[PDB]
Amino acid sequence: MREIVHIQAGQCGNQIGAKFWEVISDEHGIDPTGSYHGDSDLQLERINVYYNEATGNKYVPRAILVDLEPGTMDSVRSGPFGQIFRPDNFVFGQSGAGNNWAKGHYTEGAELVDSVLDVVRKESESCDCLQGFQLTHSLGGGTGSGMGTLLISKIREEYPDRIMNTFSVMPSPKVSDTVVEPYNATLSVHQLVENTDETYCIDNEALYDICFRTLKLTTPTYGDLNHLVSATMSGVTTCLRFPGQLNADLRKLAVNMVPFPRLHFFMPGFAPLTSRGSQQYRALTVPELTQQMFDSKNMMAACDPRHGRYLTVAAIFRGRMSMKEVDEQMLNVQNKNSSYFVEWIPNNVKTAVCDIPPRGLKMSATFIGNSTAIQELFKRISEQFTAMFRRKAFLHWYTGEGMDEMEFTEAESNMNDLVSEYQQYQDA
Amino acid sequence: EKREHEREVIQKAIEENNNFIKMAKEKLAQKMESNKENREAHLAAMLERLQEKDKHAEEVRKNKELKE
Ligand SMILES: CC[C@H](C)[C@H](NC(=O)[C@H]1CCCCN1C)C(=O)N(CCCCC(C)C)[C@H](C[C@@H](O)c1nc(C(=O)N[C@@H](Cc2ccc(F)cc2)C[C@H](C)C(=O)O)cs1)C(C)C
Ligand SMILES: Nc1nc2c(ncn2[C@@H]2O[C@H](COP(=O)(O)OP(=O)(O)O)[C@@H](O)[C@H]2O)c(=O)[nH]1
Ligand SMILES: [Mg+2]
Numbered sequence: 001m002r003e004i005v006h007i008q009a010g011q012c013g014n015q016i017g018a019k020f021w022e023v024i025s026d027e028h029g030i031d032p033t034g035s036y037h038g039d040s041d042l043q044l045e046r047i048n049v050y051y052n053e054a055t056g057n058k059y060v061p062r063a064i065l066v067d068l069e070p071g072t073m074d075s076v077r078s079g080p081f082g083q084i085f086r087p088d089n090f091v092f093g094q095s096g097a098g099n100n101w102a103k104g105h106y107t108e109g110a111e112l113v114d115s116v117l118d119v120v121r122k123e124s125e126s127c128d129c130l131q132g133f134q135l136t137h138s139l140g141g142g143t144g145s146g147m148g149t150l151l152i153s154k155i156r157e158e159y160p161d162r163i164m165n166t167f168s169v170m171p172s173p174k175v176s177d178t179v180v181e182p183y184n185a186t187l188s189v190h191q192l193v194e195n196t197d198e199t200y201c202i203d204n205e206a207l208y209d210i211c212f213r214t215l216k217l218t219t220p221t222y223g224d225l226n227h228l229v230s231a232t233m234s235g236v237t238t239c240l241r242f243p244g245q246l247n248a249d250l251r252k253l254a255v256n257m258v259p260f261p262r263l264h265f266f267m268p269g270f271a272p273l274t275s276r277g278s279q280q281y282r283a284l285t286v287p288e289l290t291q292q293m294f295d296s297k298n299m300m301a302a303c304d305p306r307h308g309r310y311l312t313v314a315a316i317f318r319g320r321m322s323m324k325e326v327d328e329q330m331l332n333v334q335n336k337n338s339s340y341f342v343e344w345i346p347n348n349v350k351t352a353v354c355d356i357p358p359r360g361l362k363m364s365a366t367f368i369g370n371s372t373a374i375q376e377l378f379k380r381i382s383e384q385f386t387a388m389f390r391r392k393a394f395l396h397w398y399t400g401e402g403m404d405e406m407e408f409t410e411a412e413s414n415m416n417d418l419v420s421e422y423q424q425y426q427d428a
Numbered sequence: 074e075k076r077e078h079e080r081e082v083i084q085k086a087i088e089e090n091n092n093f094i095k096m097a098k099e100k101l102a103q104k105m106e107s108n109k110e111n112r113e114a115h116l117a118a119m120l121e122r123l124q125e126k127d128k129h130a131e132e133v134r135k136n137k138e139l140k141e
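Chains B and E, in that order, are what the protein sequence lines are.
Quick note on the deposited numbering: the first sequence kicks off at 1 and runs consecutively.
Quick note on the deposited numbering: the second sequence kicks off at 74 and runs consecutively.
These aren't lab readings, by the way, just hints derived from the structure by calculation.
Mimicking SDA-like on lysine to any residue, the simulated pairs with C-alpha atoms at most 25 Å apart in a straight line are:
id: 1; chain 1: E; residue 1: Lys75; chain 2: B; residue 2: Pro261
id: 2; chain 1: E; residue 1: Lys85; chain 2: B; residue 2: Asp404
id: 3; chain 1: B; residue 1: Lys392; chain 2: E; residue 2: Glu81
id: 4; chain 1: E; residue 1: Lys75; chain 2: B; residue 2: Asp118
id: 5; chain 1: B; residue 1: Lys154; chain 2: B; residue 2: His190
id: 6; chain 1: B; residue 1: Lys174; chain 2: B; residue 2: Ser275
id: 7; chain 1: E; residue 1: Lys75; chain 2: B; residue 2: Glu407
id: 8; chain 1: B; residue 1: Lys350; chain 2: B; residue 2: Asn335
id: 9; chain 1: E; residue 1: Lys85; chain 2: B; residue 2: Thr409
id: 10; chain 1: B; residue 1: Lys392; chain 2: E; residue 2: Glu88
id: 11; chain 1: E; residue 1: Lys75; chain 2: B; residue 2: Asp197
id: 12; chain 1: E; residue 1: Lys75; chain 2: B; residue 2: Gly96
id: 13; chain 1: E; residue 1: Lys75; chain 2: B; residue 2: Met406
id: 14; chain 1: B; residue 1: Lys122; chain 2: B; residue 2: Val91
Pulled out of the complex, with its shape left as it was, chain B reads as follows:
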C-alpha cells in the first residue's frame, strides 16, 4: 500500500474525475457496487493505491467529491458508477461560485473548506503509507479553480511532505465564452506554481481541436472532450496502478520529470486518438504508436513541441508487444530528432511497458513531456489576461469579494516569470 487520496472539485473536476473512476474501475475489474469480477491477479496487486478495502470484499475509491453547488454531484450520484463512492465523501454547498475565483478561494469556498479537510483527514489517517494527493479541476471556473487551489494550500499546510498532483483543465474561447476565465486561470496558475509538485496541463483548446479536426466531430460535446481526458488520465497513472519498475510512485515520477521546482507543468499525449463507440478494429504497430504519441496533433496541451525543447519525457506503452521493438522505436525518435531534447540532461526519456491494454484497444501509448513549449499555453492566458487587466475590466466582481488589484499584479508577474524561465532553459 502506497495510498493516493483523490479530490475532485467543481463541475469540470467532478465530471473528468467521475470518468477517471469509471475507466480505472473497469481496468481493475471493479463493478459499480465495488465487487471484484476480474480474471487476473495483476489487477489487484496495487489496488490499494486508489481503493480502500471494506468488509464483504468491497473496494471503495479513495475519492472526495467537492463542489459549491449540488447539480454536478447529483448527476454523479445518479450515474452508473455513482453508488461506488463513499457517501460521506460527497461534500457540497448550495450557493455556487458564479465562475468567480474570489468566491471559490475567499468567501463562498472558505465556508465549506473545513468540512472537505475533515474528510481528507479521515482518508489520510487511514493510510499505511500515503503518497499524497491528486486533484481534478478546471482553472477557468470558480469552485475548481478558486476553491480547488484553496484546498491545495490547506492540504500542503497539514501534509507538507506529501506529493501534490493536479489534472488542471485550461480554458479556451473555443469551448467557453465566460469573459473572466483568463482571470481565474492566471490566479489559479499562480497557486499551482507555488504549491504543486506535478501538474498535467489538459488544455480545452487542444481537446476541442482534436475532436474537430482529427476525430471529425463537427459539434463536440463535453463528453467528447472528457473521453480524451479519461484516456490520458488512465494512461499517465498506469505506472502507479500496475507493477512496477519506472515512475512507480508520485515522488519517483517527480524526481524524473522536474529538474527545477517551478517547471512542473506537463504536456500529455496519447495514441491512438479515438471517439466513443466509433470502433478501432485495427491495432496500431509499435512504430505508429511511437510516431503518433510524439505528434503535435496528439498533445492535450495546444503547444507546438518543435517550438521548444524537451527537458524530460516519460513514455508508457500498453498491451502485449515486443519490448525490443519499443526500445528500438524510442531510441529512433530521440536519435532522429535529437535537437529537441536538451543535451544537458542525458538520457532524459524513460520508457515503461504494461501488459494490460485499456478497454477497447489492443495497443496504446501515453506520452508525458516536460517541454519548454508549454510556455505557449501560459503566454496565451497572459495575453488574454493583460488585454482586460490593462483597463481593469470586470475587476469589480473580484474586488467586491475583498480582493485588491495587487493580487492580480502578483499573479500576472509570477506567470510571466514562469514563461521567461521556460525560455531561459530553451536557449541553454
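Given chain B's structure and the hints, the job is docking chain E with the ligands onto it.
Chain E with the ligands alone, transformed into the frame defined by chain B:
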C-alpha cells in the same frame, strides 16, 4: 501568512458591504431631513404672506372708520 491574508480579504468584503449600507442610510437620512425643512419653509412663507394680507385688509377697514 497566507491564512492571515485570506482572513483579511473576507473582513474587507464584509467591511465594504457594511460601509455601503451605512452611507446609503446616512445620505438618505440627510436628504429627507433637508427636504422636510425646505418644504416647511416654503409653506411657512406662503402663509406668512397670506397673513400679511389679513393685516393689510384690517388696516383698510380701520382707515375707513377713520373717515367719520
Ligand atoms: C449553443 C451553445 C453550444 C451548446 C456551445 N457553443 C458555444 O459555446 C460556442 C457558441 C459561440 C462562440 C463559441 N462558443 C464556444 C457548445 O457547443 N458547447 C459548450 C458550451 C456549453 C455552455 C452552456 C451553453 C451550457 C460544447 C459542449 C456542449 O455541447 C455540451 N456538452 C454536454 C455534454 O457533454 N453532456 C453530457 C453530460 C455532461 C453534462 C455536463 C458536463 F459538464 C459534462 C457532461 C452527455 C452527452 C450525451 C455526451 O456525453 O456527449 C452538455 S453541453 C463545447 C465542447 C464547445
Ligand atoms: N473538458 C471539460 N471542460 C469543462 C467541463 N465542464 C466545464 N468545463 C470548462 O471549465 C470551465 C468552467 O469551469 P467549471 O468547472 O464549470 O466551474 P466550477 O463549477 O466553478 O469549477 C470552462 O472553461 C469550461 O469550458 C467538462 O466536463 N469537460
Ligand atoms: Mg459550474
